[PDB]
Amino acid sequence: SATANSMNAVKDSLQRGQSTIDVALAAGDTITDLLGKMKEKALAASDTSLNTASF
Amino acid sequence: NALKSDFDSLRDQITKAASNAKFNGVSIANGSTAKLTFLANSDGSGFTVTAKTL
Numbered sequence: 056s057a058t059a060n061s062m063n064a065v066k067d068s069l070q071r072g073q074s075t076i077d078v079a080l081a082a083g084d085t086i087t088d089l090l091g092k093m094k095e096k097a098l099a100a101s102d103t104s105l106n107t108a109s110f
Numbered sequence: 111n112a113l114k115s116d117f118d119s120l121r122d123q124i125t126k127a128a129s130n131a132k133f134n135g136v137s138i139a140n141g142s143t144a145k146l147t148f149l150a151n152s153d154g155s156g157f158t159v160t161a162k163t164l
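Residue numbers (the deposited numbering), protein chains in the order written: chain N, 56 to 110; chain M, 111 to 164.
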């Protein structure tokens, strides 16, 4: 019975880990969108016909 | 002399029309650069247009 009771603390720790990784995943999705936009910025900047202001 | 003055004025019109041809401050006709390389792909490989002076 003591073991079956300690399983509660086990479950609490697992839910805490789930919430942690969920926050990390939301941050990762935002980072991926930013990374795609910077790839587009560097691509457009690599053009040589650009005047200095747009660059 | 009149024909000479006409021919010289036409030459001046050529150089003016040739210098004035620009877009965003870059130009191909004026001969102020060797080539212009516009983008062609995500990798950054670029279409290259050889410039032609006028």
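If you're looking for bench data, these hints aren't it; they were derived computationally from the structure.
Backbone N, C-alpha and C define an ideal beta-carbon position, used for all residues, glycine too.
One thing to keep in mind: the hints can contain errors.
Stated by the list, open to error - Going by beta-carbon spacing under 8 Å, a handful of chain N positions derived as facing chain M: (1) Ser-56; (2) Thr-85; (3) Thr-87; (4) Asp-88; (5) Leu-98; (6) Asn-106.
Task: Structure versus earlier hints, numbers of those that do not hold, lowest first - done: The structure breaks hints 1, 2, 3 and 4; every other hint is satisfied.
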